[PDB]
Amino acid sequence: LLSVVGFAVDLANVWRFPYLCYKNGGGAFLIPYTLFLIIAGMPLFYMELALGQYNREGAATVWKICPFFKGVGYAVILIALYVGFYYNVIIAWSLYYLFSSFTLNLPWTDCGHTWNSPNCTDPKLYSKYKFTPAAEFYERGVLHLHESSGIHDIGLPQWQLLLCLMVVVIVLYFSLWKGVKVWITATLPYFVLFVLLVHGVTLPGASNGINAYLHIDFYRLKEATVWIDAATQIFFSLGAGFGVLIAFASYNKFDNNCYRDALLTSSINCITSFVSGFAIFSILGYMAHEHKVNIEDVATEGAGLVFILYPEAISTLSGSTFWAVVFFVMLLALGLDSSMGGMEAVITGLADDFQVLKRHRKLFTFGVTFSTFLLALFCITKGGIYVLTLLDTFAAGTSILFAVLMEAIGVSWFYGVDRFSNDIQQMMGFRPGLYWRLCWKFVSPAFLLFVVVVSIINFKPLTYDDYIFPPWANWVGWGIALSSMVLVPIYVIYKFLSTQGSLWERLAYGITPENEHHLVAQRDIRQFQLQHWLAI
């Protein structure tokens, strides 16, 4: 139970799920989330865990089972880097909020400070939500967003955010430069969410919030963005698609039970997400009651909802300083562990691939943490929330859905879901079952392909709150998405143009596992027969 709750909650469930829910309503986002967690989330979580635990390799080198698909591991490592770029910036925000939380008069309470606009209006004394003292502290006091007109005109990095990001990358380096990889980081998210839930239900005007949460709008389900949001958040919360699961299972015992691991992680994720949305909407209803505004336009739908929503919940608690310090220490440590997991996925994959990097661990981890620092300097600029939004919507998006779709395809169709079931039976001692095989070979790939094509053809232009990104920003975002999606066909063409022989024996050498290339020469290969593909 401790092992599954330690990683069942991460920075995703606590930071990204609130604004993805609020942006898409109440249960209107919890319906696709649960359907994808049961249909595609849990099966592919269990598939990645079993793959890593059996093959004993990272994300990139696990594809010695089907060599044409190593581009998928390269893609997930690139996605992990891209996501760490702004995870470190979220941790910088957590550090700045924790540092600001060490006073009796919390800064996000009144409008009497130096960062406040002349239009800062607090209820204690039909407006907009950017004129509340909490949103004024987030935008004008932390981000300094008021000094940039858009993603074209981003300023220089923010000094305080620069120091916070330096501290983050330094602690990450000193946490990863020897460690091949705890009670508080695993128990405190749930305790904080429990306190949040109970104090939210006791708040005035939060019943309107929980009703707006429990009201499921099906016209939102008839459109396509809620499903893309739910799929991407499923793969963020569970960690499938960043190479973290395969890298972490590479170190698990051979007899370890990935079935029970996946089951507990997925069930705890579903319950945690439901109660997380419940508490988030309790606070949002309280804010709509306090600010005399509608619930649908009471806060931002960007990445900074938590840093506006949770400070306002804290300011209502008794002993606001203690609870602010506790919540932001929790957020700091949680996102810190998440970013450590991502960077360790990157390092483990690229070190299992190239041994010159496995022998040189300190230099490689310095190069990894120092590349994620220079490219996170863009997200701590004055217009860095626009770059962070671009990355958040494009780094892991259609890209991660495509990567996980190709993982499913390469494990189920080309390697064999029957071979995978035999390997799983060899690890644990029991066959997966019919539901798991039908989801691995047919249900999850079909749902993921549908979500990918719908994510491409139902693309809405990128926006911040009321800021329409220029078209070139959308082109740059699609370049960010394609930079990892093209690794799969590029590597297929590279592996085909680097193997001697005729067409069919090149194909055979590229779809046969590396350890039994002996049988390729004697022409006894499974995938060239029909009984391999008709196995359901």
Contents of the next structure:
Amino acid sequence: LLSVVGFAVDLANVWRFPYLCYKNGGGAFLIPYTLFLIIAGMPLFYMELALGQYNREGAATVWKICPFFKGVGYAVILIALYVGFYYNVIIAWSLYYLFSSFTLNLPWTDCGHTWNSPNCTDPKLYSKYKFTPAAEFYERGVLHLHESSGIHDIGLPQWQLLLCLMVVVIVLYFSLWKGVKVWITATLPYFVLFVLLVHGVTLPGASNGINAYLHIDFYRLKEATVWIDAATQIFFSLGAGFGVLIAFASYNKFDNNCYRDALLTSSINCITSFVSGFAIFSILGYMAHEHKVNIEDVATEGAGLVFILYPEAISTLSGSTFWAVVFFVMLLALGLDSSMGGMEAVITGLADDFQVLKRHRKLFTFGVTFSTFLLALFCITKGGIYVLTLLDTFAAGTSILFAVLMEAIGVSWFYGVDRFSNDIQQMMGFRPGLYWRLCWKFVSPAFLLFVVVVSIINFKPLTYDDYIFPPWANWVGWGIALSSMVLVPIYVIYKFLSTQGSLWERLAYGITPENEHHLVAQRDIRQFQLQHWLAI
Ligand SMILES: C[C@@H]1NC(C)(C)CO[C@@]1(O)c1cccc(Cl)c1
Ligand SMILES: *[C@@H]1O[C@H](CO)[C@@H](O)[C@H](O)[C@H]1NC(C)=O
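Go ahead and give the structure of the form solved in complex with ligand YNT, now that the form deposited without ligand YNT is out.
Entire complex below, previous chain first.
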């Protein structure tokens, strides 16, 4: 009713999906997206919920079921800590836009302002990009991009965005320092999306936007970037791979039916994503028709697409100020909820792992939030959109795909998928069934390993709209990705080193659950008997 409704919608759903869908064509992004959501996203969501709910442990410490894999929990915690660096900058932007949308005549409509350049063009009077009043506001008035030569020269933070990020981090801390623990913040995004869909589809030229959306081109599906984008967006929206589902479900009741939650969340995700893309392309069609430019080159396909679209739509509704205020309140509340969820994943994992941390949640919360603030200072610089692009590309990229692949492999092969299904039948009365066992053991790891190998061997040098990141920027992005990814083999080669006993003793102790470590002394384990692995 409300739980799955608010739960489903996320900032990653109304901010990242729009420009990922624009950049990857129109509906050509919804075929890979839906494919993964059906095959490798819904089973992974259900698996994460079941894991967290049965084991009662956070992202990091849920690996008492197969010790060698605690590195996977550490990797997901690191991925979350990374994403939290640039996920607070989006909320800083939302806060700045809510602050600047409190005037009658909004700023992003005309360009007789002070941040406008002598190149601006107002449609109410051939790189049409970044010359429209709203694009010049976002770039020149908020980010101050015009003061950064690139990712090599990023000036000092913008005191406006500095204050906004500071307030956001203060809100996060003060809402996250006491324990882990309304309906309007879960109903609003859907209502704003409904208003946008209706009005947009009423807009002139939105017919061309909807046609470009519905016109599926397959030469683009044949490429490797659309599938990587779809997979990363599915794991970025539904949560599988951030240690957030496990941490949140550990507090769910035991008899809680996580299968219902998985089904409803996937359904709502698919539906709302189709609708959001529909509305976004209606707004793109209107922008392209009013600005006299093609739909494929009317706006930025980067991290600031929605901050140019949604002002463009706001400014075409009656009483557009009320709409600006309400839409940016919605965006800010969604951002705060999602960032609090990610920070809670991190804190709950690292506290469930280290009791010394769980004793002091004030100090640990302060540490985590102060770290995220100091590291977002980089993204809120004058060339901070470049660092934000770097992080968005590499923070949760092949890193998240690899983490989720290793988690699925662990649970489905080393901990057994028949064992997992027996746990399910224990906490829910019904066995998951053939479809889910098959998507956990074979189909999900297959798809995810293919997408990982592709994202590695089909990686396109990082670039902003018309800016080619220098080579070392890609080097640093891959350093980030690997730092996130290299924790699994490190922790395995560690476990195998800090367990006294024969080679097979050490390969069992790290592969058996932590409670049934008295069954290993006999040299009798399931993983060793070569029948476990035939558990389809
Ligand atoms: C973007 C993510 N979408 C989820 C649904 C998985 C909820 O968590 C997130 O909001 C998140 C994850 C990790 C760190 C941070 Cl700061 C935020
Ligand atoms: C647009 O930009 C140029 C250089 O970027 C600047 O001299 C002026 O504002 C405009 N010039 C032309 C030819 O449009």
